[PDB]
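Here we start with a single chain on its own, the form solved without the named molecule, put down as structure tokens.
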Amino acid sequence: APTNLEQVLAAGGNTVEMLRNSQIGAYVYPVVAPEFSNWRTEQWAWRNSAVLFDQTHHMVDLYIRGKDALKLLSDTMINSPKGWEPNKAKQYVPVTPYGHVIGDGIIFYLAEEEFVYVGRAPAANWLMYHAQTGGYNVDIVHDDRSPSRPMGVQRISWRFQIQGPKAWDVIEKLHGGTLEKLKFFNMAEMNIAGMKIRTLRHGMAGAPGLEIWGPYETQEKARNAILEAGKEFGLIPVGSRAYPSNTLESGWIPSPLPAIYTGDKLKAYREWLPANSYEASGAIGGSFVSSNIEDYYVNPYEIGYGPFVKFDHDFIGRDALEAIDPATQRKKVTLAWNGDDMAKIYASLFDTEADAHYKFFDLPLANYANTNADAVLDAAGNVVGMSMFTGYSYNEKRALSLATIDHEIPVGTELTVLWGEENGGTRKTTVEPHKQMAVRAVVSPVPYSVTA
């Protein structure tokens, strides 16, 4: 019966209970093979040789064109539009009128009146709603992410990254000569196998690399040229199992809850969002329990986007962000999970006498919902933060999670993350029956580096 989010929530009871018991299944990264060699060697290669990341299938693309394209972005992003010219990209972050993050994505300024958004569904849905209902003179082509269980896939564009300490060597070999390293997120072009390929300056683990894209038809020509040229430097392709664990080392939180489930000013959006949207159908997992869905919201300062906020243009939520004191907001950190506790979690899987075991911690990514929310506790047992993305780095031989915690907690402090859900687990299909564990974890910098 329901055809929009507002109807789903009205018929669904408590919104937190609905989402924490959703029957959707796992947030999937589709089409790309799980592994090409193995996820451990693939993780190792982005720190020690070079990798080809295949980004063609897991993200939504919005092609945004027309006279009002830039005004649509400016009106909805915290980011400064001043001085923004073609061939520069931005990490677009929209907030609600209440100041909470909806999502984020990369917005490429390709040419005058021509932009592309690449990212997850929530910020794309927001852009489409405002383009639709706000009277902007704009034209949008929506190209959804590929189906997460296709079983018998095409996009408008392919998108790759070449990364690692040897990435620039591979890139210049492909180019046929020296390639200037522009400033981060500046765009230009390079040669691959006779094609002019547009580039986006990128990098990771302290080494510069590129994102590259083009029309879907040249995808295999490009890929084979990259793999061929990269053999000299140890370049290997990375599969969908390893790929999303990279952000545990980077620090980008992919999955803040879209903060759109409450609020009178957001009712029109909820009536617009379909009942099978990401927002209506997805799931929340982890140990943090509140009866108020707003307790799962974050604002930009809490997850590392404070420096993007610029009060130099009108935008949705500007007044709410101006009223925030940035100096007292929770801060994004990396939590380094205690390895003895990790061994205890895995050991319980092989205990034939125990009534229960600890929640299964998949590797290298242990998330078991689309939005992750584990409680972070201090020595006294107070909730002091929210852990939001969890997994393991073969490079560090450490389990790690990305969290937002009370600002006055120093690096090096040992907190605990409550791992697992209450009462044997929610009804999500990703959750086997289990008991919880308070995992010791050391507050560490973001991007991750070893602490104490």
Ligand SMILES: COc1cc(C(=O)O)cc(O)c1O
Contents of the next structure:
There are 2 protein chains.
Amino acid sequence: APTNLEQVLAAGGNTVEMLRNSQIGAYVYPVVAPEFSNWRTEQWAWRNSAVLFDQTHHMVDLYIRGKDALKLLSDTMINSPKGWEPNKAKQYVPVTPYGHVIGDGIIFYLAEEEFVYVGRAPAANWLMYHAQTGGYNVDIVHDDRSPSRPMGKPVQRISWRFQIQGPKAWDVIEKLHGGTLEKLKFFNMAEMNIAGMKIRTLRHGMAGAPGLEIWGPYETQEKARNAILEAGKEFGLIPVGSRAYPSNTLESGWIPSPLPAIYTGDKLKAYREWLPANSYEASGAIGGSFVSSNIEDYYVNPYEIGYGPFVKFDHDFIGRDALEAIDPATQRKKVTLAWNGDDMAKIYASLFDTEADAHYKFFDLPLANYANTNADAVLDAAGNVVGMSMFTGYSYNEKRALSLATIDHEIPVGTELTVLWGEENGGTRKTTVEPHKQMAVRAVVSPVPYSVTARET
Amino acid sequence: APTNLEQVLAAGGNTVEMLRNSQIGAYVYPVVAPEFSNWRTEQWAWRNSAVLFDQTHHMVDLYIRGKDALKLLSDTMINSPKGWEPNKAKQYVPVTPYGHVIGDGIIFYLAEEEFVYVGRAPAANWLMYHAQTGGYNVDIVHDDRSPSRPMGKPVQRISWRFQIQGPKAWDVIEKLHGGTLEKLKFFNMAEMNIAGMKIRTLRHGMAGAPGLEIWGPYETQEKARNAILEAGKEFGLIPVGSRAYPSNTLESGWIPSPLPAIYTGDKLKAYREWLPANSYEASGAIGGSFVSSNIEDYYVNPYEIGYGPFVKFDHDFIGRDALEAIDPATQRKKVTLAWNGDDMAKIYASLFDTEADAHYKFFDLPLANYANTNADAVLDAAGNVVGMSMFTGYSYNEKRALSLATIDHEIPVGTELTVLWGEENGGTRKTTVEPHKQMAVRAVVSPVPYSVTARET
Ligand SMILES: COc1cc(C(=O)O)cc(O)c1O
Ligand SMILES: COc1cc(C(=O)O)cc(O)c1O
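Please give the other form, namely the form deposited with the named molecule bound, since only the form solved without the named molecule has been shown so far.
Below: every chain and molecule of the assembly, starting with the one above.
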């Protein structure tokens, strides 16, 4: 019966309990081969040689054209539109009227009245809703991320999208280009030669080395891919697969999985009526140890996950008044949490105990998430919840399990907290969860981007 | 330049060293989604509820038709042809003139002059060679296993092939059939109803519960798959993905990966000239701690991996004389090795040591192989090599790492040996291998099929 999220929520009991027991399964990074060599060597190459990241399949793309396109984005983003011109990209972040993050993505200003959104579903959904119901003179082409389990079916995108990253990436880029390529400022766009094609570029980088994101029409994917791989052998470039790939952001610091904060509030009811019953927001899952019967406890505002610096009060936008009323000095702060290696060893050891009644929650390598939204409790020494850990995995470059979290602003760097790993009462009904008991994992507050930190007494 | 395996070996230095450093990458079980729920729950269901195994993609299929088809198989198999009639299947095992296993697979006698081979490449290759060069009046249609990394390309087979297994499999099978279905003897063939289709069946089973293998033309895959899943929800049937699937044989006892023993011997030279330079035999890899500069040390004969009982001296076949000269009472015997849980814990712990110069070889879950052929050394207490461990992984049903091995026939059950886990000198150049140090893993000799065994002093 339910045709939209509002009807789903009305019929579905407690919103938290429904999302924490969803049958959606794992959040999949599809189509790209899980591994080309092995995920450990693949993680190693983006820090030590060079890599081809295949981003063609795991992101929703929105092609946005028309007279009101720039107004649609300015009206919905916390980011400043002042001065924005073609061949500059921005990390679009929209908030609700209540000041809460909906999602985020990359918006390329491609030409006059021509933009492309690239990112997870939630902010794509928000943009389409306003384009359709807010009377904007704009046309949108929605190109979904690829199916999670194609089972041999053919897969199409409108565009291929790659990154070339690593200490030797610029050497590869210039070999392909045929000569020196100017390094623009971060997120500025230009072009380059690849095998006789003019390929548009986005200045990017990782861990102190310059890189590029590149894209083109789907039909030229192979021509570009093979040229990239051939030219990069000299420099040790290797392709990264979908198993190692999503773990990159544990080193970089971007949290991909804020819960879209749209489940409550009278001002968001018309959006809940617009969202389909099988949307990301209605069908996805929440996993982790953090428990509240109030879904609002899972929301974040832009200051709390590091988008503070993007907030510019120089234009009209949804939620501006809620953002102006916040004091940025008191908000939770994004950090990296370095997980105690002895606790990790204990977690894995329990998989090999033939006598014990329960084991600790399976921690997959190199990504350990088991929902599309992650929410593990971060506790102080007395047991008070002092933060939310939101993306969890392992880095072969550090030999450490890491997670990205938002924590009370007064917790100094170097403090030893605990992350509660696993779910209660033996686990929710998520099809990603096996029966297990919880552990309080020691974790050390560290900077973002991550860097090794001492442990205060 | 090289167009065949002979030219590859002549040009490629030491045969062992070439195979132990191959750049082929991992041996992949393709197309089927890695997981549908999670591999732990998927392993659990084939022992506790019911499962749909998707076998459509990881095996080479040979369709063999014509007057000499049955003679081709009798001439090349150790198995008896006496009495063989349509609607009976056999586990075809061919040996070389020197008595050594080439490979194995399942041969279905489908009708008069109509057979299908289903299995890994090596025995498929052996059959095609004799069909082409031995003057058999026979026609063969070769249908390769699916590509390891299709990257969104469409994938076709001639047939889909499923198994339904688990304690409740027969309940699912009879629900689909619409009434009682007679349980034939193992490997006898008949038919059943699925959604209005007559589906051919192969009597099968697992761990004491009856099951079926089923197959049909590729175009009806979805119709059968969805009918199987719908009817099985009542009984808790779930689909198994490609991550959990190949680990099943650690509980059942079949060793899938004997090295095709074709690299030496004057009688095999014409076969080496026939095998392509990019064949399985020329391009694949050997991984594990067992080191010999003689490739013959990697061969096995049928007695050593449990095909002894299939050997019937009632027909003429390649290698018969070599097999008659063997004494079965002195050959190595297949066993299961139960790996010490403390040693497993030590292996995983080392991934989280930020101080140590090297860690132990990464043991993936639930399958840990890193080549298409596996060869780890099994040692006694003095350090003598007393066996070869050939398939390695983990069972969530046992909470144990296990491997299948062949060991000297006098080692009694319950004896504690060691498996040397990892490769020497920091590892071969296989793209599956990260830098690592070796460990001698304690392993307890156990029956095949596996069952928990006490440890003798
Ligand atoms: C930019 O593409 C990414 C997406 C996710 C995600 O959507 O979860 C995680 C990552 O580390 C990525 O690099
Ligand atoms: C029968 O299909 C299988 C093939 C392999 C293999 O080819 O390695 C391993 C298995 O456990 C299987 O069940």
